[PDB]
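Visitor: Chain by chain, the residues run as shown.
Protein chains: 4
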Amino acid sequence: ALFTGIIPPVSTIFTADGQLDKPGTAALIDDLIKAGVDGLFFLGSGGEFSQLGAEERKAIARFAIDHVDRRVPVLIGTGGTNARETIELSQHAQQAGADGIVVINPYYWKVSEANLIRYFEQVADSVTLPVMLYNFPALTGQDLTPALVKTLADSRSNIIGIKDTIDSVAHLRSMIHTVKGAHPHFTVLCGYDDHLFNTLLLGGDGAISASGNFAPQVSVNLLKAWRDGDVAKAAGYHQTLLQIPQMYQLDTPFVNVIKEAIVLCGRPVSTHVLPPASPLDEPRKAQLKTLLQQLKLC
Amino acid sequence: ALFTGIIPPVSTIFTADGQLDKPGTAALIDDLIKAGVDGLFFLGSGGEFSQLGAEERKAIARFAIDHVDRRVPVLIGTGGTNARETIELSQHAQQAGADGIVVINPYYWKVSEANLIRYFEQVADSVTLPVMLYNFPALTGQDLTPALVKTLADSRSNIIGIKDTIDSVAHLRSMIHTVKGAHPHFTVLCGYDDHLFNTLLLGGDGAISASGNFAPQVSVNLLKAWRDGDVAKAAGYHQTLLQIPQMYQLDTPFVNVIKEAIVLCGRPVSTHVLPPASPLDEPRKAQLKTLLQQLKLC
Amino acid sequence: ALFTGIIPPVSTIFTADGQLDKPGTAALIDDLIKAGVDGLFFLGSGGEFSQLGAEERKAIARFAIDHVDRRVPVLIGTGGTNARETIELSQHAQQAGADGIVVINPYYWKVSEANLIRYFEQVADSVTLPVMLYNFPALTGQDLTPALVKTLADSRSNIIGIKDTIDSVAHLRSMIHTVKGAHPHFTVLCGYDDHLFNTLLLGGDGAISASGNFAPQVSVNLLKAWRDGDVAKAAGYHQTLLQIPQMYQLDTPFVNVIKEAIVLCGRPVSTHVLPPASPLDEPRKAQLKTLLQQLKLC
Amino acid sequence: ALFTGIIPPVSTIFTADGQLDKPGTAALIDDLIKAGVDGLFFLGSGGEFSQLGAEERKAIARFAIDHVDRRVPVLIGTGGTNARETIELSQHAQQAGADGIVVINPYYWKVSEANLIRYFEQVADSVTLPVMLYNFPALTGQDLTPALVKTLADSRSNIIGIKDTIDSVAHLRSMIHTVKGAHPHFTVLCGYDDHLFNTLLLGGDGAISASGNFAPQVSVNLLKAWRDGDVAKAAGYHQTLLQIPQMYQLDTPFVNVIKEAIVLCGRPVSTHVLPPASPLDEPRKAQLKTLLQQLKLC
Ligand SMILES: *[C@@H](C[C@H](O)[C@@H](O)CO)C(=O)O
Ligand SMILES: *[C@H](C[C@H](O)[C@@H](O)CO)C(=O)O
Ligand SMILES: *[C@H](C[C@H](O)[C@@H](O)CO)C(=O)O
Ligand SMILES: *[C@H](C[C@H](O)[C@@H](O)CO)C(=O)O
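Chains as they are written, first to last, in the entry's author numbering: chain B, 12 to 309; chain A, 12 to 309; chain D, 12 to 309; chain C, 12 to 309.
Please note: incorrect hints may appear among the correct ones.
No copy labels: a pair is met if it fits in one copy or bridges any two.
Unchecked claim - With a cut-off of at most 30 Å between alpha-carbon atoms, the simulated DSBU-like pairs for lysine-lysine come out as follows:
1) 191 to 296
2) 191 to 307
3) 161 to 296
4) 307 to 161
5) 235 to 121
6) 161 to 121
7) 191 to 300
Don't read these hints as lab results, they were simulated from the structure.
Model the full structure from these sequences, guided by the hints.
Guide: Take a look at the structure:
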């Protein structure tokens, strides 16, 4: 029930000096809302939270929540390694008017299970907002297993969902059976574009995926088709989404690629990104372009 | 060769409210310098850099460098995921009087090899201090391979060493043969207590390891015995260091364990640690104590 | 394009003394062929090749080829760690009448790339039969990357396909774009049930998956529906396949589970399995049964 | 304590046609016994067990036991993935007069813990010989944890040791503390040359390592020096053993390297290896030679 459907992890647009580009972030927000998304997620991996300072993250969230102005539910990513900062950023998000926070597990130290449960319990106790967990074991080095997530949802009634970013049908399936089986309204969202369709067929709730920035219409139409019972139309959109993640191989981090994609699909924003990411080179931008053209996305 | 010998990663002592405990950190620094260490390293993993804000880190470094007062070479850990903050903290360290900085690879995104080389070169070019790399793949999920380290030392003459924190004889051997083979004065330090002896026999330069906090005499005497040609005496100290790391299994993070050991070995400092670390329980503190007694360290 | 469509990895039926159960394996083969499969694959992981001796494997292959009697194409798994034995089994297979061989990479030693290419080239040179590569990195510890596989298909014109057994959309998608892009008639089959549909939509050719033994009709009808352009009907069958692999968690190895399922779905065969696999306990058999009933498969 | 001290995993010498070279294997066995080793281990990873058929393995063990003629204790490696074959090879070893068997875990399927404990209990019940376990998780993909090993020693009184092949001080220390702490006469042997000294200082029992083939005097003298209380002398030998494993990087599998080193150090045996290993090229042979010369081994 909370935060279901298509919720893009919005890119943060920066100027050439690495300050928040308010007109470009605002235009991107407005494109997304006009495309019919179900909510917006700021300061996720795509939004570059890990390359920003805490004061910067507060300013971005505040701007973003204000610009959205309640048109769609807003989530703010408040996680990191500094747990005291995670509480600060989460309390700031609630005060600023966000609808929910998304909290990754600490990704430097892989803390013991007892420390990890305590960390999420404390973060959840610091706010009255709904809390979405964030699994990204390829970057964190520490999986949030279905059993662990179930124990968290048993322990705190404001822990109401998960963004599960993993290329694994078994992990999504098992997350759904174990957690939604005990908690029917717990939300399961996949973090990869090419798992949206399977997520839905498995009993999950939608996606928070990078292609939400530059082709939201494909995910939004997939979901609308699926909700209407037109499974073949849904499967047609899925065939596009199956191919999209090729582009993510172009660079790592690929936050540059997603911005270059937003431009190519018709929204001229500054593509600047924060170190240690770097501008995409021209030959790879052309490769991105041919991929987008083959998929009829620009 | 810069920063060789025994260089503890000093614990940061905090009060119950999580603020820097100045008298306790100072007492700890003084004990360590009296024990005959060759340098001090503040805000490494043991010093809890990843649970501290940037302004807290600057304050800690400033205090520590000031208290040390040039009695031994001082290293400051400046790394993180936010590269702009890395440059800020590194430039701050230089201006505050540090003798070198210690920079881990970004540990959220495992960035491409080209972004990674470009990150270290930018960090190096932001200061005129010597730079020590920090490899801790168990936590980062991205190894700094001997071939990669060699390429950084070939590219920047102020990248002069590495702290290699890995339980692997092969990795230390290869780091020494590959990098010290091209760069005879490049410093190789192990990050685990039980690899100090082998690092020395391999042609490496010493250790930055946690037991430096609570039993610096063991490492210090091992290096002295080694430098004196008394290999059997060195090997006797090694036998104690082989056993110490058992304690690190008592909790994760084990920064709490290191502080509880500082107290048990005779220095009564506050043992508070920052979340998501937590206080060590009384039964595990009793287990630590009986271990320190069996090793004759208290 | 050779060996496309639905090709079960057939269980080998054994008696209570661990000998080939000819009547039971024959009835299983017959059920499968009547179900409309496009081929049959004996002595894969599911047929227990790794628990059988070389003479046992020759006997089983000969029986199975003779029983099939050319009704559908027959593949024999001839791989292992003993490369001399792989050539013996492969030449035996050809002499006995098989239509192709399936060859995993060596899975004890992960051999260097040069030795690996040389191994597959020698195997491929030993027979005139088509050769299907078998990638199962969860078990082998050594992935057959799309680049490597392309190199092998460039090198030997009888290396014509791959069974790719990995819960990874990216791996499938990349195998298809890289290998089929250079070699349009190179066959890509997925080894997991719940990747069949995606495999088809990505441009691949079918599946060799365990549920082919006890519910072939689901895969067969999915392929038929897809080939007819009835995508929604295909997606219906996909919804069942998405759920089936839950049963594989019951035991490891789960070759017992597969045989227990064959019985439950209406083919009473001896379920004996070779050590170190063991009989499935009754509570887990009942668990399997409830999973089959929920999916309307018995 | 059974099977302690220096026990080489003997290379199996083959003729150009891949048959057992009896004069060369015999000469190698005699060289080893003359050098003062404490036992000999045939058909481990370096003896190429995984590239041999069962009838070949039997012939080799029979020959090797017979040649040794009880001058030193003899171990035979009997493991594989075919558990019925493991029992046949182990009962054959006993009947052929072996003193013990060495049994790796199944390395294709990583069987469930319950299947793994049953496997080892069944193998141990099939003979009245002592059984040494063999941990090689880089190749097996499944670690024998100290806890699991303790459970096996609690379960069967003829499971009396382990060959722990892993570049990990923690793994050795923990195997010693957990297993030898419950079972003081259980034998812990390391499988890598550069962990012999540490294994001894940790309370362990010796090494089964590749350099036993071509330079057994180094391990033999280290152990002698250690037993004599001349720790400095032991450490001098350790310094050579720290350097030897560089050569194992020359090829993979490196069984070819080990035989080229046997020749270079003065015993002219055939260096044929079984596929998928291959002959070492001349430039790498010249590299191995200069390494052996720098270490004063030829
Ligand atoms: C989330 C979206 C996921 O994690 C990306 O990896 C691409 O789909 C995010 O926070 O950026
Ligand atoms: C360095 C010491 C290493 O990393 C620890 O893991 C323990 O010896 C540090 O910066 O803490
Ligand atoms: C192939 C089928 C694959 O590998 C299994 O893992 C089950 O889908 C086989 O050879 O058994
Ligand atoms: C044992 C020795 C180990 O496993 C090698 O890796 C080299 O010391 C063996 O059986 O070969």
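Visitor: Given a CA cutoff of 30 Å, do residue 191 and residue 307 count as a within-copy pair, a between-copy pair, both, or neither?
Guide: Answer is between; shortest inter-copy Cα gap is 22 Å, intra-copy 36 Å.
Visitor: State whether the alpha carbon distance between residue 191 and residue 300 is at most 30 Å within one copy, between copies, both, or neither.
Guide: between (39 Å within a copy, 22 Å between copies)
Visitor: When no copy is specified for residue 161 and residue 296, does a C-alpha distance of 30 Å or less occur within a copy, between copies, both, or neither?
Guide: between (42 Å within a copy, 25 Å between copies)
Visitor: Checking an output row: residue 161 and residue 121, CA cutoff 30 Å. Within, between, both or neither?
Guide: Both. Shortest intra-copy (19 Å) and inter-copy (27 Å) distances satisfy the 30 Å Cα cut-off.
Visitor: Quick one: residue 191 to residue 296, C-alpha cut-off 30 Å, is that within a copy, between copies, both, or neither?
Guide: between (41 Å within a copy, 24 Å between copies)
Visitor: At 30 Å max between alpha carbons, let me know whether residue 307 reaches residue 161 within a copy, between copies, both or neither.
Guide: Intra 40 Å, inter 28 Å, cutoff 30 Å: inter-copy only.
Visitor: Go through the copies and call it for residue 235 and residue 121: within, between, both or neither, with a Cα cutoff of 30 Å.
Guide: neither (39 Å within a copy, 36 Å between copies)
Comparing the model with each earlier hint shows a violation of hint 5 alone; every other hint is respected.
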